[PDB]
Amino acid sequence: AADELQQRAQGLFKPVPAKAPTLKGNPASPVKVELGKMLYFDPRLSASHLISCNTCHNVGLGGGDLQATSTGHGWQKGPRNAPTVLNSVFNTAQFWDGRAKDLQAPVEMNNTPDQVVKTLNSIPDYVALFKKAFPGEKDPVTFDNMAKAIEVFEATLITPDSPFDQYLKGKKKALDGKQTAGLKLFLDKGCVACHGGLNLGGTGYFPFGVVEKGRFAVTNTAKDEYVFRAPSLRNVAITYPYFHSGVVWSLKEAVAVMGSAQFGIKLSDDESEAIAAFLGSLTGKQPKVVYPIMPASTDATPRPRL
Amino acid sequence: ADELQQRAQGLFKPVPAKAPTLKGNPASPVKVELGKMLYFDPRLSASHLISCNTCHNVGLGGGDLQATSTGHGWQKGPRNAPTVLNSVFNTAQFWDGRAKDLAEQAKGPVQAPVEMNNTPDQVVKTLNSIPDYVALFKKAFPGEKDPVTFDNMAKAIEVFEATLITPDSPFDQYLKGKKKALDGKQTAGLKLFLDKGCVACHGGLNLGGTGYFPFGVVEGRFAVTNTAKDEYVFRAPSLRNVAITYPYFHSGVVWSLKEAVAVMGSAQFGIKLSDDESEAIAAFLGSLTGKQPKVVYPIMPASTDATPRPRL
Ligand code: HEM
Ligand code: HEM
Ligand code: HEM
Ligand code: HEM
Ligand SMILES: O=C([O-])C(=O)[O-]
Ligand SMILES: O=C([O-])C(=O)[O-]
Ligand SMILES: O=C([O-])C(=O)[O-]
Ligand SMILES: O=C([O-])C(=O)[O-]
Ligand SMILES: [Ca+2]
Ligand SMILES: [Ca+2]
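For the protein sequence lines, the chains are B and A, in the order given. Numbers 21 to 123, 132 to 241, 253 to 345, taken from the authors' numbering, label the letters of the first sequence in order. Numbers 22 to 240, 253 to 345, taken from the authors' numbering, label the letters of the second sequence in order.
Careful, some of the hints might be misleading.
Pairs of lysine-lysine residues, derived as DSBU-like cross-links and limited to a Cα-Cα distance of at most 35 Å, are as follows [what the hints assert, rightly or not]: (1) A:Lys212 / A:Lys128; (2) A:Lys128 / B:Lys160; (3) B:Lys160 / A:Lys199.
Source of the hints: derived by calculation from the structure; they are not laboratory data.
All chains should be modelled from the sequences, with the hints used to inform the complete structure.
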């Protein structure tokens, strides 16, 4: 049975690779990764000059922000929980939720693409880096190239060698007894249908979201032609709170919510606990990032707008 | 040329290559690492959104790019954030205050209650709620029954800050003997810096940071005013890295370094500066930008069920 379980898991999931994956139409180079890193930490991408990507997707805090939903410009609370940047490169479901038929600069940073490009153009070192990272382009300082540089840096923010990955690679005892029982439940209860593959989710939209009605529960939104991403569960133990709205702080409680009659699933307290223990095995090696030294503004650089 | 380098070599000292030793606060690897984790941990703030790095950003010259800092609740504060870089060498802990208040100050720990909106007890509670922090404090502060205290927190942060120094600026290399580390304009600027009396208040190892004087910049839109009649004083800041710690003065009212220099060419000091002289001095001030610290971003431990929730 232990052998059977491991083989079953090996046919449903894959481990995080050791190296950054290659991105569609966006190749990595050392200078582009360094540029992307600088941009990711540079709060001058925001109108206020106070907020960077790292503010909400904090590389030292599991790639998130420790918040129910993110706070942005003006202390405005946003509508959604910031998903982790960690392993985000492997996801294909770009948004938390939206209309199934319906499915840019961050609004919470309060800057237009042209304002961002103006800011980058005002700093010669950035212009020079853009020329090195996107060579043979007349004017490489475009919002799309900025995004590409950030994305190659994000591709490096992956977390290999979690206990579950070591289990997938062959080591049964990478998971303890409780975690192993949790894995069996995760498969038998059908969690893997929506939270499977390389990233244990992040690839599918489903007409189910968590709402306040055991205080929270899954509701069926197909009648509304509305869907939610089933998130990647990698590093879930360190990306609390949970769900699109950040309404549940306990991982065990989040699992219990997912033990929903909407899925034909029932979970005892012990079962939810075992599954939560298993989800703890998905915490990988956190990225080692040298904090970027970002270049000085000049007299041409826009002033902060608060 | 040789007389200028020699007199400079007597009035200033270069930034050391090693972090200075802090009395009663030994740097150990684990204490430095802990200090770093704390410096970047926004759970030191009530909101869990603001860390020391938010306002003293290691990648932005140790400051925040703002006229005055924006803290908890998007509240604009009264003062410009001074750089963390080389702050270890300073003695004047405040931008300004009453002379009777700032006289006989003793060095105390960082308290940022308005900025971060946490009390010392709330901070200690937060740290005690995370086993990895408790364990790190025990390693960094051996032989103490309960090492998780506000003072030890501050000590750990202080040993980390001691590493945030910027050696090998062109001026420092000039001090160490390389005349051509400064170009012609910067060299002209240095002579002016000495001759015009700037060094009187912006002298020594950090080119300032050690004295309070009864002069502050108030609303060529800004000028120095004499505040002795009001028994009030202002810090003469360390000018190290000044080219990258704009905007300038206590209120962050002047964005141009040349203009800041021109304001400091004040009749209040008996100093007169031509425009060319202010440009020359500003060029010299640019030579004070040192090597920026290379910091591996800390991986900070997960909160637990005991950890206070964000208070926005
Ligand atoms: C340019 C800087 C930023 C970058 C590169 C970035 C990156 C990302 C990524 C990769 C995702 C989706 C992850 C996935 O597909 O698995 C995302 C979504 C999100 N980010 Fe950011 N982010 C940035 C700035 C911010 C800031 C400053 C905030 C907080 C104020 C924030 C909050 C969010 C939120 C709430 C979502 C979920 C949006 C939704 O699906 O409705 N982001 N971001
Ligand atoms: C007991 C089995 C399951 C477990 C343990 C489980 C686990 C979880 C967890 C921990 C989250 C929160 C992730 C985060 O916030 O980053 C989540 C969210 C989600 N899961 Fe599951 N899941 C299970 C079954 C399913 C199934 C079968 C589906 C698809 C039909 C699914 C779809 C989703 C969706 C759409 C969300 C986002 C909901 C929202 O944010 O409102 N889950 N799941
Ligand atoms: C615990 C984290 C923090 C640490 C360790 C820290 C460190 C320091 C240091 C060392 C100084 C004086 C510099 C010197 O002595 O040369 C200072 C002053 C100052 N910092 Fe911070 N700081 C922290 C948090 C913050 C935050 C979050 C903000 C912004 C909201 C901020 C804004 C300021 C301002 C405005 C001053 C000048 C205060 C005055 O003199 O009136 N600090 N800080
Ligand atoms: C032309 C000669 C001088 C030059 C080039 C010069 C340069 C500067 C610069 C660049 C600043 C802004 C530093 C910052 O914001 O980080 C400053 C501030 C200051 N300097 Fe000078 N300085 C000169 C003469 C003096 C003298 C003689 C004194 C003392 C009597 C002095 C005391 C101060 C004080 C108190 C401040 C802070 C004022 C405020 O923030 O309102 N300076 N100086
Ligand atoms: O820096 C801030 O004030 C923030 O994150 O909102
Ligand atoms: O901090 C929490 O609430 C957690 O880890 O579940
Ligand atoms: O950005 C500025 O204004 C500067 O460098 O003086
Ligand atoms: O963390 C601190 O030092 C504070 O909040 O005063
Ligand atoms: Ca979350
Ligand atoms: Ca400043």
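Outcome of the hint check:
At most 35 Å may separate the alpha-carbon atoms for a hinted pair to count; A:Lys212 and A:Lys128 meet this at roughly 34 Å. About 47 Å separates the Cα atoms of A:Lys128 and B:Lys160, which puts this hinted pair outside 35 Å; it is violated. Using a Cα cut-off of 35 Å, the hinted pair B:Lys160 and A:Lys199 holds, with the two alpha carbons roughly 32 Å apart.
Violated hint: 2 only; the structure is consistent with all others.
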